[PDB]
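In structure tokens, one chain follows: the form solved without this ligand.
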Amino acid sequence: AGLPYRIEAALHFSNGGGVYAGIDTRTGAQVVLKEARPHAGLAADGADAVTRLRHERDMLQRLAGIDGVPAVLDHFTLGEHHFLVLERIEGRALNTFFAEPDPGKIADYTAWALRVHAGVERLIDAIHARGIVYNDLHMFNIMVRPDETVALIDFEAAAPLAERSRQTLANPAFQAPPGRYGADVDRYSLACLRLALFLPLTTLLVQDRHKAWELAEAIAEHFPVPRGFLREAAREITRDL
């Protein structure tokens, strides 16, 4: 083999790109391995797995040193098979918390959720300081570590802040806003996350972006959130509606 890594689990695979959990045999350290195979011909399927893997590695290298961004440990190619070795971030993805009344526990949850958004906002701001927009911020990309700190997992969608593209990625909770660019895309996603951290999954999917103000008011009646916090999110969500 000639490989210092041993793959122990297969996590997911899509569009010719696989993600695996492994071990550096030289040190026993836990790693994540992302692999990609080239795809030739037809530009209408745009960008193969190797192109997207190279872009993710570039974004991760521009964001190096930021806590909450996985470090690039290694990268190599076996023929045309590209390998990307990342650090393994421990913890749970934020979407797995939505699957699982005591007034003490309501208040304990409210503080917990605000600390998560606040850590995500601080992480997102550090990323903007490097000149990068994250673009794909939502509950499936947010990792909650055991010490309650946060991290982001997939950086394929990130792009330089300079790059002014009207293309804007849609949120699981609300429709994507039309003409936002730069850090305003991440500004919009963070606003949606402030509502989403308190809405039930069923309500999250059904309710449209026009009902944001009503949703903020409903949250403020059930949770001890400072009321302006929720209203600013509803304002940011409806700034163009």
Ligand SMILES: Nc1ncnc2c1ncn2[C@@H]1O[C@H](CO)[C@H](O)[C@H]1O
Second form
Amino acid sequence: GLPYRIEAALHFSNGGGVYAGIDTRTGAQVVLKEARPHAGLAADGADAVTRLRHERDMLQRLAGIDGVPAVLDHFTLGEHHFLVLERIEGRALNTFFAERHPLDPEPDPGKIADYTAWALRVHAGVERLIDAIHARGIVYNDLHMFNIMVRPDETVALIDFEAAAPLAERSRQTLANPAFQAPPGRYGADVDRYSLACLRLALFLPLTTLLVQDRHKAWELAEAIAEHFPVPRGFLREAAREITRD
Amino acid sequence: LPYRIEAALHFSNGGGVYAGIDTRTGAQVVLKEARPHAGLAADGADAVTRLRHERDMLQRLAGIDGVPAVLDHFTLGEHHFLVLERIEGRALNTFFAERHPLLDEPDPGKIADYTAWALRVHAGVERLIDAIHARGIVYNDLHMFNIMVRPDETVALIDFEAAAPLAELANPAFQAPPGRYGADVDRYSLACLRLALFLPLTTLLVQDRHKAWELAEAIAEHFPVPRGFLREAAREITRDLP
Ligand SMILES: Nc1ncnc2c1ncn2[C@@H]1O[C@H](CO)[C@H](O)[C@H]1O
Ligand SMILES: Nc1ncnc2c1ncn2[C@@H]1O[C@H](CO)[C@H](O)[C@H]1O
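Next block: the form deposited with this ligand bound, after the form solved without this ligand:
The next block holds the full complex; its first chain is the one shown before.
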């Protein structure tokens, strides 16, 4: 009875799945997230349905922001919740680290300068987006390469908002970034300020060194990037300043 | 150190999965990493805890064809790494958008090729799950996203974080039934998989398990699936309903 044709199974995790579909009335591309309840223990945490409704709430707080997927529809069949979101076209930032990173040992500085400009675009777009989210009273809590969409026109977007929370809440909980240890004792907009600094270095470091080097090496990492990329040098300095503020 | 990360595959609950190559032997490997306190869940488990648990399950299942081997595991500071063998092939869920939508006024030869293919894949999933139970552990996340179809059409399973000993839930297509335990949890998932291989995606998500017999009827009208196959699935899925 649905007006949506589900055409692809993208992901499933913890009672929640993500599918690509089609509005049959308009042909419009959509994304479907759905959740099923789990009667369980408190130690089990929030179930898929509870986390689905929080994400919908957060996306409704952020409606109208360019870079935040719109909520098109929501319904329940029995206790099966469905959340219909607009589909952000483009590629996630983590898929650029496959090819666009091996900037080989000795490459053409034409491509080096082009990449530095490109990376600074992406961080600036992600920062503007994060700023607009803070203006609604929301702190994204999960900023990293796997959540950042790079659209065909080079503008950016963020995919998963299940981890976002109101800014007024004061929570010592810090989610870790793929590259550096979670910073001890941070809340409010400072959590995103930290992830953005991590992203400023990650955009230039090769994947292997990303996972291996810890946050005490940030100063070394900034100086190393400066010698190999034409970055305005205080830009990298300020990232290492933010990552090592404790 | 002895690995070169080539691609960033996924990051969830403070844990990253990366594709890599052993710099010595040149072999393809999968890198999983976790930092302490990261991904702290309501039950006190962090990403290191889950990674330690996944290695334990993989070690108890060593030697089973279809369970990725544990190649390496080490720490770099407080940073834990788990190096697994790369399963070649495609995840079963990527076929559900490519192989079986065109089989809507369809070509009967292709309908038959797909049917024999799906019964082979499901039978291989059955044997893998049987060998795993024999080793005393129950898979818990058996569904199309966890099954790899290798080049030779043999199957493997991919994520063993959810695995647990038989001593001590929801499926993409249907709700988990109340109070099933032991190896019976895995056989419910296998039953759901039987109908899932033959249903269109929208009917999978929309139809609940009260309609199992109806969906089994619908499947036999499009596919040459033996009826006992579909009825064992419908019966197992409804075994505790009015
Ligand atoms: N609202 C949305 N628009 C486009 N893609 C979405 C999406 N929500 C999830 N995805 C897809 O999930 C994967 C990353 O979690 C994929 O990287 C990502 O494509
Ligand atoms: N040993 C392995 N061989 C191939 N792919 C692996 C893998 N381990 C994990 N993946 C891929 O990572 C994602 C989530 O773990 C995907 O679920 C999964 O495709």
